[PDB]
Every structure is written in structure tokens, then in C-alpha cells.
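Below are the chains, spelled out letter by letter.
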Amino acid sequence: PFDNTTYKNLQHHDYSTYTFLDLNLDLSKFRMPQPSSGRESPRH
Amino acid sequence: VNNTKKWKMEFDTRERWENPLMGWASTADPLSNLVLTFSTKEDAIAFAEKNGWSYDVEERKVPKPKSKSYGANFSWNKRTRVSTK
Numbered sequence: 032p033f034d035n036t037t038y039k040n041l042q043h044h045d046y047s048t049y050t051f052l053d054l055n056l057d058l059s060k061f062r063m064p065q066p067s068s069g070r071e072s073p074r075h
Numbered sequence: 049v050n051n052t053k054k055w056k057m058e059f060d061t062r063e064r065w066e067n068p069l070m071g072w073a074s075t076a077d078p079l080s081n082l083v084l085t086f087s088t089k090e091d092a093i094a095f096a097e098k099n100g101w102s103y104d105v106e107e108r109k110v111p112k113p114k115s116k117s118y119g120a121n122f123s124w125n126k127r128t129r130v131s132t133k
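Residue numbers (PDB author numbering), protein chains in the order written: chain a, 32 to 75; chain c, 49 to 133.
Keep in mind that the hints were calculated from the coordinates and are not lab data. Wrong hints could be hidden among the right ones.
[Unchecked claim] Examples of chain a residues toward chain c, derived with CB under 7 Å: (1) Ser-68; (2) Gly-69; (3) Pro-73.
Note that beta-carbon positions come from the ideal geometry of N, C-alpha and C, so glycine has one too.
With the rest of the complex left out, here is chain c:
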């Protein structure tokens, strides 16, 4: 989970086309490789508003706290028994 720690500002992807000579991915987008890293959401929003970039924000999706029990693999009456191990 070490890549899910920070906020990122990317941009909308533009056209990549085939180079007629080699088949390489030719672009005309200067901001195609520009990924900015921010500690919080508000830093990224302040930096987008400071530079006039119209932005949109997705919220941080954490995994919710799971309820784990190794003994639940071997219940007397519940369906949560394992049939193999």
C-alpha cells in the first residue's frame, strides 16, 4: 500500500498517434507525462486553483476494517467453515 499514501494531480490524456517512420507513439501534449505529488487533498486543490487548471477531485478510498478470525474457519454450525486448508 505504499503507493496509496499520497495525492496525485494528473491531466486528461490527449492523442497519441503512430509515427509513420518507426511506429513510435508520437504526441503533441506537453502535459502528457506531468504527474504532481501532494501530501494532502487541499494542497493539490490550492495548487490547481493557483495555476488556473480546472480540476476534479476523487476522494481517498481506504479499505474498510475487516473482521478476521482464524477460528471462524472451523465453525460448528456456520457456513464460514473451510472445506480445505
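Here chain a stands alone, though its shape is the one from the complex:
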């Protein structure tokens, strides 16, 4: 049915302090391999 009376974004009431970082850790398996500049750091 159609509903325009309730607020469907109730998920963020249950987010903890590690929600963002656990989501990033979950996303880490999906991602493309990073490019490299050829050195370990600009001080190398």
C-alpha cells in the first residue's frame, strides 16, 4: 500500500559508536585494489 504518514528512517535510533567503522570493515571486502605511488610514504 501507499503510506505518507510515518517516518521510515527509524534505523539510526539503534546505531552504536562503532556503526560507521564496522560498516567500513564490512565494505573492505568489496573494494577494488588501491593504486600505489611506488613508495611507502613521501618520506621514503
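Assemble chain c onto chain a, guided by the hints.
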């Protein structure tokens, strides 16, 4: 750099000693404060040779042309990145 524009003729420094009364810098050198100013090197050399002063000449040292780039502070792969700004 406005003091690096002209040529100067100075002399060798002689003895400055302590005045026994006041501790002032007593000298016996009349040419101690004599600094002459010339537009070119050759004017100074002609003036030194004209007055019989044995001279020695240092060459003008300019700063060499530098290669500057503000984007070089943020290179992808070079060591010339800045780590702070």
C-alpha cells in the same frame, strides 16, 4: 636585496684596542671607516689602481634562478610533498 646592488671598496682592518680610561675602542687606522661605493667592478679597480692601493676583487655572487611550483607541494609520487601547511 637593495644593499647588494653596488660595489664597495673597503680596507684591511687594523688594531682596535681598549682605551685605558673608558674602555672605548681606540684606533690608529685612518682608513678604518673608509668605505667607497662604485657602480661597476671596473670603476672600483680603476680607482684602486689610480691611488696605488693593492687590491683584491671578489666576484658578484647572484642567487641562481630557482624552480618554484606551488603544486609540487602536493605531488602524487615525489618526495617533494609537504606534510603540513
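Okay, the hints, checked on the actual structure:
1. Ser-68: 4 Å, holds
2. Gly-69: Since chain c brings a Cβ to about 5 Å from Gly-69/a, closer than 7 Å, the hint holds.
3. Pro-73: Since chain c brings a Cβ to about 4 Å from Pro-73/a, closer than 7 Å, the hint holds.
Checked against the numbered hints above, the structure breaks none of them.
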